[PDB]
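Consider the single chain below, provided in structure tokens and representing the form deposited in one PDB entry.
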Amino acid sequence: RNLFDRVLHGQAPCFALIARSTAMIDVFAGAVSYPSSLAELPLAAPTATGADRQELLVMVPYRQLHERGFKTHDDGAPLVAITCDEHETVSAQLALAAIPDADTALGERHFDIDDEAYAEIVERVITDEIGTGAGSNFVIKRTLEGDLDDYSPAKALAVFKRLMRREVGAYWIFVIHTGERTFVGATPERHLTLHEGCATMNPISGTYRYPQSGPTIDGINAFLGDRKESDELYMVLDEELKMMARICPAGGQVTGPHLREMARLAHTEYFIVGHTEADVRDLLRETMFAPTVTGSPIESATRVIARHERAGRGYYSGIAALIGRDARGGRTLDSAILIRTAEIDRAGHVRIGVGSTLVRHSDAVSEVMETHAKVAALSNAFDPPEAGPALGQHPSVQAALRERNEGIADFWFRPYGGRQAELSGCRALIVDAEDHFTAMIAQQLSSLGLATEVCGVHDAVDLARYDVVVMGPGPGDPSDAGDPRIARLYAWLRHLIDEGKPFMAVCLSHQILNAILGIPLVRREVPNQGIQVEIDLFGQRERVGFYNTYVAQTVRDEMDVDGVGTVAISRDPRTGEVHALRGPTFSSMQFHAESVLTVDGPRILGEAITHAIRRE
């Protein structure tokens, strides 16, 4: 209404939209005010209007710690109060509906620290401080920076709209505009909460990113089983209880692991609750800065943050605080930790603090790879995540994919137009023993320049037409004369030996050749089922694909055969398994030269044919 639509139209000089899970969103406007200290936050005398109401919104910078005597850096960053003169409530459905979208890009998006220098400072802290007894865990930050096109609050609004749609689950999602600065974020964590004397801190313990299909009751339980990461958790709770004990004299009470569910990720949470009577101003001052964004112990964390960060923190790890009164006049506080948040200028310069929480068991690269990762929430709001090539197109991913093709055949990756010896012009018969690999052998013999016809085992052919015959692969046991297909292969092979026709036999056919020449066939203890093996093929090492269940087996590297003559045997000498024969008019192979698993198959077939055909 008049506030929201005067906010959006630009006639509100100073404002905030804050959206909370208590679905409505809160809109505020008033005087921007820069108090001298927390003591001087502009708070009226307590009164009861009869309605709940908000008195001011406050941004507490990390500097403010001087108030407690703790060492800091001066960012020039002041204490900021926005009186809530006006406060209206929207419905998020219609509010999102209005959106003045703009080029919400970010020029020169670079880090303060950068991965080489940041890893050094982090290492120094893990080894010189944590490892030295300075403290149990610590939060160390760098700033990502970038420059905004055209600029103005109209841009902060757009980023707020996108944050509202996707990061559904954060504690506060907001845009806050002073005159001299803007803030946009979606913070997951509350700082402190005060309702009728009762104070609440609320640290987040863990995060369960749901897998591809959906969040199961078993995936969540698996995640919750694994209790092998009890580290920071308990130092943080102790440190939180310490903080509560200074604020609530009677103590704190933890209520623990509660599950916080969101569209994509589930958090684990603890609440810590206690009774206090202290002024809000004292509550903030003494509660300056949740252990989860500083360290434990707090003072020492402060000391190490000062003795290892080159910069100030501006408002990173600080507090956005909504101070008010219930309808009965009792004091109220709702407050959120300022992380996952951009601080912007009129000048147009955006800064986002990102921290890493360091324990002794944490190593620097692993967490630096979380510097960019945790930044995904905001990063996907200065230029959304789908406009740009997928990670499948990063040159490294491309390289790794390509490396996969290194061991294997390169013929099949080549386009037709991967054609090119004395073989060019010659003609070959392939006798098909009923294996679909034959078309593949044929395509390869073709590429060497052979015109390559295929018949079946029972066909009548004129051998005189062909320069070579190839006896092919097929199913079955080569010792099984009972199968007429196998019997006919014996006949073929006896004939080709008799006539001295050059030939090449392969898998089954090669086994049958062995049996004919009198080398025994056996069956492997374990069948080969598409393995590449490096073998010694007659003096040259070759990597070839095996699919055989059966194999010829001999102790002999060579033999004279009665009718035939001298046959060279290539075999694994450890097992006697025969890989290839070379005879006077022929050559043979147990392996599939044509498999995707073979290297230089076309050449292997080439060499075999060439040898079979040499005898002229």
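Positions refer to the first chain, counted from 1. Note that the rigid core is defined as the largest set of C-alphas that superpose within 1.5 Å between two forms. What changes on going to the form deposited in another entry:
- With the two forms fitted on their core, the C-alpha shifts between these two forms stay under 2 Å for all of 193, 72, 187, 452 except 452.
- Once both forms are overlaid on the rigid core, the distance between the two CA positions of residue 14 between these two forms is under 2 angstroms.
- After superposition on the rigid core, the Cα of residue 85 moves by less than 2 Å between these two forms.
- Fitting the two forms on the rigid core leaves the C-alpha of residue 488 displaced by at least 2 angstroms between these two forms.
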Second form
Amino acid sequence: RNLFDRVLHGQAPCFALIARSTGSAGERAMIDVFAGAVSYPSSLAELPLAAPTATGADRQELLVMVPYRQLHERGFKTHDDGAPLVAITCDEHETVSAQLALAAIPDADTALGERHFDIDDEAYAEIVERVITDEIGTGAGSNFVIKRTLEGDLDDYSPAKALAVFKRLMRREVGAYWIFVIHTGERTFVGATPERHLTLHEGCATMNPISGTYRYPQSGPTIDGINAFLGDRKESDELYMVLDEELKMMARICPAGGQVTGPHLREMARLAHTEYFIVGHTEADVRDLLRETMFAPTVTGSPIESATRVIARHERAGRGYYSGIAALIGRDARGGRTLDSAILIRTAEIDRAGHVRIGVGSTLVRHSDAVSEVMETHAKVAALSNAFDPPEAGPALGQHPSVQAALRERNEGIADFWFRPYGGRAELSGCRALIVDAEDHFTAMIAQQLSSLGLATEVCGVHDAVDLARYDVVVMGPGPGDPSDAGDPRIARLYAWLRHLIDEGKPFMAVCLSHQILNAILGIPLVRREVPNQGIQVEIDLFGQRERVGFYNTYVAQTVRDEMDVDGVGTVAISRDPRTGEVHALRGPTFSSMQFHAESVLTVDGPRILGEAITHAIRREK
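Alternative state: the form deposited in another entry, after the form deposited in one PDB entry:
Next comes a single chain, given without company.
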């Protein structure tokens, strides 16, 4: 793929990439790549075409761009904007697989700056009504097309940008006759046109009159919408008119006239069109065929000469190449003339300064509705406009302000500690704590918060033997299971630890499971909560202070008492929900306990709470 690579790296100053409608069933799509010399011939009669040659293979000779003003050759009048007749000799021609080629095209920002229609929707509606009332309504003819132009500016234009637009069009648009980027030096063209102008192969000429448009809803095409479209009298008349008008042209170019087939629905990305085909036989010279078919009635109107006059009366600007022709003129294997040509609609012309002009119109008929015709022009430019400014470039749903706010709110009224930088983040200063893990690594989190209070910490397991003299305070940790299940070895072992710490008067703080076990040791009932408090933030009164704490428990201790006296222990102060009797925490003579998890991300001010709990536990130490 050396030609393609050279077009890509700037080494082919004049080039065309054309993805055509020739491929078959389960074939990969291919892109024709052309390069050669540009010239500006002074008429169609002077296209630089050699005498007949045969190679044994199909071969293209020239790519010709015919502007609207070329109608002077038919003696018709036109606003002359100086758009030249352009011919590119096809000195080189290669084909490349679509997928590989597209992969090699680098993306580029092609957002259209100062994007606007030269004739805005309200002004365009008024023109449409004038054409219907003052042209159709006075006998100029039956249908006409009036161009308006979508305009914008490309920042920092180079043909790389045009290749990027072409790439998007190839990835998104369907139902096109050609998708192309043609760079002539003077100008760049990028488009996705649904309509051949004229083809010729082995004396067989084909035209494709297309009119009637179903605009897809943003949510997509539907069967009800397409059925209502195909039952619409205006849309069906419109197609019949352009069929008649292409039959006229075929009757002039082909001595036995044209034969119609179809109609067919052509489906594109943002709209569908109804179309017919016409075929016939001709042996006229390509130059004469091109001249005599300038330009299709689907993009001017009918009768053709009267349409040129309506067009001139209502368009202030010239048309450039809008409604014109891109024509590949060639030879077949054995030397007969070949023509493949497309109508220049759904196309951007980009000038050397990066200014983009996208011409668009619609077939206006006696029963046209001006507002619907405005909407039809937006539908027709939608795929090319999207190729410049893809709607997926816009902000994601995740960036919507309601989503960002909802996400930020999750962080309000939860633990500050865990959001603080790594490190980052007292009577307790000297203090050594042993944390006994009962098979829940919440312990590691209790240890980090205790360390921030100034304690040195060590973690063991329930089943280990330790020397308690090395510690000032023991933390009895959380864990799974039912605190009443004393025939589980691990739970039984928790009972033995708590009974020993109580009996020794060793300061301790009991968390969740160990809090529950402590309650049972002190004679307070345990019960299963009907709705488990497993992973919930609950506001509680904790010994006269309102706190917001994280719970992970299915079971709870329950009592009517705020204070009790317990044998072998002394007075135990109880913080409880006054409505249910559920126990939140205990303060005893040499210990504290909590049902909730101070260390959880769901506790507000966990370290302070843990500090208060430990401070209480060591109250008898001197």
